[PDB]
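Have a look at this one.
Here the complex is missing one protein chain, while the rest keep their positions.
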Amino acid sequence: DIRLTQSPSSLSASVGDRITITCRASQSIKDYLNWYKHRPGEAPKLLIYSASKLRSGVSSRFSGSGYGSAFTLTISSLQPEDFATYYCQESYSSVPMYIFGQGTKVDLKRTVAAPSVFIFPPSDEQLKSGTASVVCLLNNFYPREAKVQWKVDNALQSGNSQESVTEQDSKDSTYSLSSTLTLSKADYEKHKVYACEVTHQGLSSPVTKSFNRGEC
Amino acid sequence: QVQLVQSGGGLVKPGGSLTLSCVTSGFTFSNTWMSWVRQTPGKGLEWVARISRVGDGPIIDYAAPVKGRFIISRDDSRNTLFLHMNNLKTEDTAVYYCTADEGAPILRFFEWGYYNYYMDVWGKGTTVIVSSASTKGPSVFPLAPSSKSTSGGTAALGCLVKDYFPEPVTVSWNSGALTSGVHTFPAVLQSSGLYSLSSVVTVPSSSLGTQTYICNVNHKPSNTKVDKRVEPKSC
Partner (left out) sequence: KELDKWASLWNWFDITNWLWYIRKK
């Protein structure tokens, strides 16, 4: 049982900045660590291997250091070409596990923007089909992290909805999120209030948008 | 110049089998260790298996969740790495990466014999989707604007493209004339094995009642094409 925890899981920065991703390990692994970069539209790329050895072809801006259970990855002068996710990987386990960290998303820094929360009830077209989907929209917010909870007559819904998040907008550099709660027509008809509770750094307190089925 | 051409990824039903292939070039394939790595969209990276040179045994190692179902093999005469996937399960849905590996020998005396194993070159990846569904066109439902989707002088509306298979699907608004403020979200694969996505657009609330709003959906795999008008609703 050898685990790897990266810190931060996601932090912002601007072009020409110095960032330090940290990879904490549950056990001492000496220098059996490697760093990778992955952009969603291309293949992953090796950056640092064996703790602090730069792979040939990677620019000198990337640097790695550490020995034992903690390590680091520094990127002096942040370039726009490297806004992506970074993973650390260990190879110390006698059992070939090759554990990867959870990842660290490097984001374009921006002023805090709270999400505009919207909710849409199901349509009669879908109800005639026997299903009911409620969608909650969080529009143009920053930073990425945002939590959505569904409540039907104050009952928290767990495992019957799904989210989808957009890539950082090229113009305003914000995010948007869509979440869909799907119920059967029968289950939808035997409840009244449907609510979407949103928490986000830009919200002083949680925001809840809801509607009454009988009135909408 | 090194490249890793991947193929063999696509759709498959639970319990089915599939074989991925990775044709290499630009380096001595027969002298290089190879591995498979997979990524489920929304999660991180997970090493799958590795295979060494044929002369080394070969030495083969599998990750726990795939041991007994996946088989890694290689054909030196054709520079091809293989991954035979059997008894596939919904948890196997992921992007699968081909990798050429290297080992950094440890030069410390008491560590002579040990090495640091890393993935030197990655392929572009191949998608494997495990679903029971067959080709099915979407149902396009309206996300009607109302007071519960308005913030001051800005209203939100959209279309819900639900229960279609497989990817992809295209969405536009007013035949491509409406592009500012649109947000087409990545589709989600539901527990039913069917996809669903959302497309929204924020407009000035004063434009409601005057401007017509239509979402143009096209799902070529099923030859289904729909234009859906969305109108205000009281809420």
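For reference, chains read A and B in written order, and residue numbers begin at 1 within each chain.
By our rule, contacts are C-beta pairs under 8 Å (C-beta built on N, C-alpha and C of every residue); 3 or more make two chains touch, one makes a residue touch a chain.
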| Which of the displayed chains are touched by the chain that has been omitted? | B
| request: Can you work out which residue in B:17, B:25 or B:30 touches the chain that's missing from view? | output: B:30
| remark: Missing-chain contact, candidates B:34, B:48, B:104 or B:160, resolves to B:104
| Touching the absent chain when the full complex is considered, from B:113, B:152 or B:176 | B:113
| remark: Absent-chain interface residues of subunit B come out as 28, 30-33, 52-53, 55-56, 102-107, 109-110, 112-115
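Assume only the chains that are shown with their structure count from here on.
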| field | For subunit A paired with subunit B, centre-to-centre distance based on mean C-alpha positions, whole Å | value | 16
| query | Once bound in the complex, which stretches of subunit A touch subunit B? | reply | 31-34, 36, 38, 42-46, 49-50, 53, 55, 87, 89, 91, 96-103, 116, 118-123, 125-126, 129, 133, 135, 137, 139, 162-166, 176-178, 180, 182, 209-211, 215-216
| Residue ranges of subunit B in contact with subunit A within the complex | 4, 35, 37, 39, 44-47, 50, 61, 63, 97, 102, 104, 115-125, 139, 141-144, 146, 148-151, 154, 156, 158, 160, 162, 183, 185-188, 190, 196-198, 200, 202, 233-235
